[PDB]
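Read the single chain below, which is given as structure tokens and is the form deposited in one PDB entry.
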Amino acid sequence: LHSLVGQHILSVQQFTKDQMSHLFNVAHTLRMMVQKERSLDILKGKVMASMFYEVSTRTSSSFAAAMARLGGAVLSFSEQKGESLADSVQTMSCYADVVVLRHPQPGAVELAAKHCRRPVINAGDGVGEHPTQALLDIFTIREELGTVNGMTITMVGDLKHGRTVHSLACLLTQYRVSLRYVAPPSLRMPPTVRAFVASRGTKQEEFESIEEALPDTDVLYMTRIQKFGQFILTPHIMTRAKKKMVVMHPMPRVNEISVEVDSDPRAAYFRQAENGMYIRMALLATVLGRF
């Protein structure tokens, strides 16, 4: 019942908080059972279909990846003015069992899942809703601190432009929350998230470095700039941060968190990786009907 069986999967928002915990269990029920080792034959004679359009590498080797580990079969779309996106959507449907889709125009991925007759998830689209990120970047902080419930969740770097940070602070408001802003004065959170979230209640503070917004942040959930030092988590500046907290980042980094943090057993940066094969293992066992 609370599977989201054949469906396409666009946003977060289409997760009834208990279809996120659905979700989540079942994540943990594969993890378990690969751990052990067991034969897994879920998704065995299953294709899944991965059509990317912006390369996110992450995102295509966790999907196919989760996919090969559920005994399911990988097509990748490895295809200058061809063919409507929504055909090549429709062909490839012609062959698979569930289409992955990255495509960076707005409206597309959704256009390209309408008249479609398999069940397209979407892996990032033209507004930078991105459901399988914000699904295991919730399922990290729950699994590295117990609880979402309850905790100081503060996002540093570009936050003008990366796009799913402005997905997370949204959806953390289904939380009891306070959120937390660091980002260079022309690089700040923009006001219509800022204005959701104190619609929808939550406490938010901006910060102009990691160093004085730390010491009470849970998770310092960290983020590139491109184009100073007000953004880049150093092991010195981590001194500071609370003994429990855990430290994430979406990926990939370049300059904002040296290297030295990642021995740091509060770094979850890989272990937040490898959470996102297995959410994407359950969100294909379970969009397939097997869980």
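Superpose the two forms; the largest set of C-alphas matching within 1.5 Å is the rigid core. Residue numbers count along the first chain shown, from 1. What changes on going to the form deposited in another entry:
The comparison between the two forms, aligned on the rigid core, picks out a single residue among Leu187, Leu145, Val74, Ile138 whose CA moves by 2 Å or more, and that residue is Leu187.
Shown in the overlay between the two forms, fitted on the rigid core, is a CA shift at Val197 of 2 Å or greater.
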Given for the second form:
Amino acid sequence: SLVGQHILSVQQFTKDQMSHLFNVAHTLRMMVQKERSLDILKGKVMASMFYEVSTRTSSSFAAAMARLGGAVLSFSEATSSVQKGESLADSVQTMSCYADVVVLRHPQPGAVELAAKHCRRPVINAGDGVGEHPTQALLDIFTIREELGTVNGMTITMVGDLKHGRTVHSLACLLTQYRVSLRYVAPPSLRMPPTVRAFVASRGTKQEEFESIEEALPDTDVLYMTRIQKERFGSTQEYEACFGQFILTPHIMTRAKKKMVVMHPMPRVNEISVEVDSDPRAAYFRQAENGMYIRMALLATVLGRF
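For comparison with the form deposited in one PDB entry, produce the structure of the form deposited in another entry.
Coming up is the bare chain, nothing alongside it.
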């Protein structure tokens, strides 16, 4: 039961917990459609703390807490007393004095788990540098299930920057709970990390690397595209060399399975042609909307109403 627990890492997620949570997510989405009265989190305040920029992850948590009848406390680093020199631990300790939950994204990996040590209320990891994005894995798995019917028996193809990409890290790890085959399409420099490729191996999930998107596609049921993480590179030179390696265009999606989904945790810069947007296999915006409902489910369960 997720009640009152730190949500730090995909590891802790039982298959039973995820399915409880997919179910509550489908319930909460029904009531929003039915224009039902949601006073579920009336009284409860969420502390949204972002030290690293966000659009979907911050907006999805905020919209969710609103739509459960809760309130949100906005916290950015730039206008906070961080600027007086406050430590990350003290910032988190203080925001819990006001809030029932803490959503923390931060640029340094393990910072969230480090701050969550002395935190006396549930802290949700919304991204820890290149480490992990746990609720994003959860919504991607929900979306796969939603778009195709099952997750078991599926071939997931992760393309792009796997080294920095905290979403694929979490997502690869978590897809070890489903009978899947993973394929990686990266340049040598941005290959999926060792601990991750080692973790996935030890669960038995068959990993495979490919050089291009042309090769992986015809067997790919789930095509997960990523963004060349420009702000994690040691030098632009390294970045601009890698920028634009893979570019999904409608020409490429003419040898993709009829049954098939293209995802992206967003934002995209170059890596998906806008023309792809019309193909109904493109579910990356539907992926966004799912996120709000899963995060509604997590906030309801972690605060212990569903």
